[PDB]
Amino acid sequence: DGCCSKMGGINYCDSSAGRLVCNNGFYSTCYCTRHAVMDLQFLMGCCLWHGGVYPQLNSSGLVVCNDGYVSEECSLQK
Amino acid sequence: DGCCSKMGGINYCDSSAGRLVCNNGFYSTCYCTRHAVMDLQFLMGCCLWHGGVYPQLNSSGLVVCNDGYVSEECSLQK
Amino acid sequence: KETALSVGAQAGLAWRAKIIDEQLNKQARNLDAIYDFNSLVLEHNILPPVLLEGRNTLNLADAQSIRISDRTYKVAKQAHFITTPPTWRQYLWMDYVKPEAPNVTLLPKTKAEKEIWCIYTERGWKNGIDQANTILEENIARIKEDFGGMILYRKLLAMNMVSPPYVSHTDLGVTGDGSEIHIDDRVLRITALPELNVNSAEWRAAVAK
Amino acid sequence: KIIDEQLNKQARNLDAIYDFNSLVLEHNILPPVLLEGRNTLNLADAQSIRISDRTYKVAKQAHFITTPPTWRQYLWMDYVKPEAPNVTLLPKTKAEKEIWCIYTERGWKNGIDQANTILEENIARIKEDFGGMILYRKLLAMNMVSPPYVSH
Amino acid sequence: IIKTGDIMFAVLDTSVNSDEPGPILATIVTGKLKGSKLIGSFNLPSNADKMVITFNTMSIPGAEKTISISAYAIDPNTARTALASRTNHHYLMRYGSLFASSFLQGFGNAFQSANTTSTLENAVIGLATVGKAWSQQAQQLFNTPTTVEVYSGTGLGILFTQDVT
Amino acid sequence: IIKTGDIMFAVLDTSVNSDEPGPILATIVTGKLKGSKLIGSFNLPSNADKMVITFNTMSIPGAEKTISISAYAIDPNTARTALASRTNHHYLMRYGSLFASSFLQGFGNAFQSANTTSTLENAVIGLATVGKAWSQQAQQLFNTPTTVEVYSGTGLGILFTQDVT
Amino acid sequence: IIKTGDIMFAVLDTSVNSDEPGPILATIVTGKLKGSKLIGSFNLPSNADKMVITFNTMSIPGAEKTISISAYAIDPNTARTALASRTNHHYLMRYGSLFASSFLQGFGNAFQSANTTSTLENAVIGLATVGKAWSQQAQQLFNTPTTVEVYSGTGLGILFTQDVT
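Residue numbers (our numbering), protein chains in the order written: chain H, 1 to 78; chain L, 1001 to 1078; chain G, 2001 to 2209; chain E, 3001 to 3152; chain C, 4001 to 4165; chain W, 5001 to 5165; chain D, 6001 to 6165.
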């Protein structure tokens, strides 16, 4: 987890960028907060770009999104 | 505690000033009563600068100040 | 376990609370230097009202229904009287106590028990810290919109698009009976609240340099 | 006990301050009590404000009197001497004796402070009474009250 | 609303022996309900390899009521219903008393009978006569069971029996 | 309003032995209710390992009222249900009396039998017939339990049973 | 809707011996039911060759519901109704105690009788008299049954009996 390796070591986390700042005046490539610019190209979950997962504990084993669409992939198979 | 050190000792307390007067004719920096000039700037307690803690006994962790402000700091986190 | 997590949350929240209150006590004079509400407090010791400005206002109702205008202006709080001006103290200071009640009876005895106790303490500490950051962000947003509403009211009153409040003095002399007396009774009455005007002539333009 | 012996110690100058008979009127009637307030500001809610300069209140009406009052019915605190320490909880350890000592000390200081508070309140009360008397004298001198009219 | 049969935590502060039944109180220290307390009693088992607690009188702060949801106790992180105490209380005492009274009776009778083939005779006298009464009294008091005794600093887990609101 | 089964401090000032029933009073020394006293009685357990007090008749001063909230006691600063007294009052007396009566019977019969294989005859005489009557009287009086006795300067902790107004 | 006599699977986490009956809980882990749990008890058979568990009180999450489907269990990877524990708990202790009390009785009487054809006599004394009372007490406590005990880390399968909805 050494970020400012062969550098001055960290100073602190500038939270405006959400970035650790090394003691030599450079921005480390490591982050410290969730409020920073990543590059997300892959996410898990069910009913994405839909109503999400409906929270009701249904009797049927299928999972149906809040828009009425059914998530057969997250549903178990038979 | 030790107030009139390197002096003749403590003579008495001037409660009008709230200050100890030592055997040398000077005011000790120690005070005697609490009704004197206290240079206090930092304090404790919750529901502060609000109506104060409501005397209602609630079974949950909800605590609301008397002016209506809910104190999430003093409240239980769950 | 979970009790260790919750007490770590409490301890971290109180610790970060002490840190932020100590820092706000260390630096205060710039804040009270900036926040002088009495500069904007008018001549009758009246708190100026609060205004909001919005740009590019479009909503959709349903299909074949959208409404769009350029700007909108919201009266948040109708102006009222005051005796002493507010400060930063009732917005930016936050409550502080210390939970000094470790209710620990299942003390960690095994090594993995001590490990999970430590990591639950860690996540509780950082969760309390981040909650304190969220609370501070809430308070600074609140004081920002308060001062922004005051600045907007002063700007539009300069613009001559909001009516200034209207006041009057009604005075009576030596009043009372032979047992109770007052010298010069005086009542101050407001009639017109600070409110907008809509006519086209009252808009006044200004151009900088 | 200490403050009562102090009050007994300062005897004569107390009555030299709070003479009453120099103020009583010619028909042996105790003069009334007046109240003065300055720079009156009042609010009730938004648009409810009342401002005046001075206000005067008749506190207690004048009445006849036989003997003038003195400071003994204003400043002499009562003295009951209790000699009944009843021992329910009893110390056995040195820690118990130490916490007994420090609880004794803080209760002692607290009772001393409470007695001083009571003395201060009584001093304020008699000061208020004498000030009302002086205010009546000055207002009657300055033509602010009708004099009491007496028929025999 | 509490689901049927869930498990919560409590701490027992009051210690009691298995000699006289009585009220016992514990304090709920976490979970949904905080500040709640619970009084009940125990049961006397046929065999003292374990001990369980009948907890039925629940007191909830905030409002004035007393519901009667019944609950029992389990050993936390052990998932058992036993008691953590001493159970070898009254074996060796009664065994040694009975065996010593026996040995007295036997010493007197056999060392009397061996006279065919004075301090020895006085030993015969003493053991011969004090063995019998102690033997019958030992068989009388041999029926007292071995006790169990909970301690004042033990925590506990609580399983539920029915639902509440 | 009192919580369902909480604990209060009190001071017991009247002592009694566990021999004859009688009224006993204790005094609550701290808390919300001040100067309150509590009269009640005791019950005798099967074994002398502990002792509890039946405390129900609550008298709170000031008014002419007498409520009857039943309450029991625990040992303060121990949180146990035992009594701080003695449980060995009349063990050794009946034990030694029975053993000596037996030994007398044995001495008379065996040293009468030893005449085959004046003063020692009188020893036979005395122990021979004073043993038996003392033995049967000892078996009569052997049933006396060992009592316990509370003390007049001991505090106590009082747990509640039901709620009050 | 559950078919009449289908097989589901659950996990038993709480352990107890077959000494005092009480509520025992398992948790449904697979199938349609997720998060459901089950409380019930056991029974005691005549011989300790097997143990079955009476499970009747089922609670399903989602809603405040507590159905009462009664069902039994078989051991996983055995497809049999027995309990996986020890059954030789309480034989050899009482057998050895009885045989030792016997050997004491026999040694005292026969080595007393064999005199015709000091410390040896004392051996005869001790064996002769501590045999008999221990022998009758072994006859008294000979009937102690062998109990079984479920374990805290055993999963299980559950066959159904009736339908629900």
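To be clear, the hints were calculated from the coordinates, so they are not data collected in a lab.
Hints are supplied without guarantee of correctness; some may be wrong.
Straight-line Cα separation of at most 30 angstroms, DSS-like style, residue types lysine-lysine; simulated pairs [said to hold, decoys possible]:
hint	chain 1	residue 1	chain 2	residue 2
1	L	1078	C	4034
2	E	3127	E	3109
3	D	6065	C	4034
4	D	6037	D	6065
5	C	4037	W	5003
6	D	6032	D	6065
7	E	3001	W	5037
8	E	3127	E	3138
9	E	3109	E	3009
10	W	5132	E	3097
11	G	2077	G	2018
12	W	5032	W	5065
13	E	3081	W	5050
14	C	4037	D	6132
15	C	4034	C	4065
16	C	4050	D	6003
17	W	5034	C	4050
18	C	4034	C	4050
19	G	2098	C	4050
20	E	3081	E	3097
21	G	2001	C	4132
22	G	2109	C	4037
23	G	2018	G	2155
24	C	4034	W	5065
25	E	3001	E	3138
26	E	3092	E	3009
27	G	2077	G	2098
28	W	5003	W	5032
29	G	2155	L	1078
30	D	6034	D	6003
31	L	1078	D	6132
32	D	6034	C	4132
33	L	1078	C	4050
Hint check:
no., hint, result
1, L/1078 x C/4034, "holds, 12 angstroms"
2, E/3127 x E/3109, "holds, 27 angstroms"
3, D/6065 x C/4034, "holds, 24 angstroms"
4, D/6037 x D/6065, "holds, 12 angstroms"
5, C/4037 x W/5003, "holds, 9 angstroms"
6, D/6032 x D/6065, "holds, 16 angstroms"
7, E/3001 x W/5037, "violated, 34 angstroms"
8, E/3127 x E/3138, "holds, 16 angstroms"
9, E/3109 x E/3009, "holds, 23 angstroms"
10, W/5132 x E/3097, "violated, 60 angstroms"
11, G/2077 x G/2018, "violated, 33 angstroms"
12, W/5032 x W/5065, "holds, 17 angstroms"
13, E/3081 x W/5050, "violated, 45 angstroms"
14, C/4037 x D/6132, "violated, 53 angstroms"
15, C/4034 x C/4065, "holds, 15 angstroms"
16, C/4050 x D/6003, "violated, 39 angstroms"
17, W/5034 x C/4050, "violated, 42 angstroms"
18, C/4034 x C/4050, "holds, 29 angstroms"
19, G/2098 x C/4050, "violated, 42 angstroms"
20, E/3081 x E/3097, "holds, 25 angstroms"
21, G/2001 x C/4132, "violated, 61 angstroms"
22, G/2109 x C/4037, "holds, 27 angstroms"
23, G/2018 x G/2155, "violated, 38 angstroms"
24, C/4034 x W/5065, "violated, 35 angstroms"
25, E/3001 x E/3138, "violated, 39 angstroms"
26, E/3092 x E/3009, "violated, 43 angstroms"
27, G/2077 x G/2098, "violated, 36 angstroms"
28, W/5003 x W/5032, "holds, 12 angstroms"
29, G/2155 x L/1078, "violated, 45 angstroms"
30, D/6034 x D/6003, "holds, 17 angstroms"
31, L/1078 x D/6132, "violated, 68 angstroms"
32, D/6034 x C/4132, "violated, 69 angstroms"
33, L/1078 x C/4050, "violated, 36 angstroms"
In terms of the numbered hints stated before, the structure departs from hints 7, 10, 11, 13, 14, 16, 17, 19, 21, 23, 24, 25, 26, 27, 29, 31, 32, 33, listed from lowest to highest.
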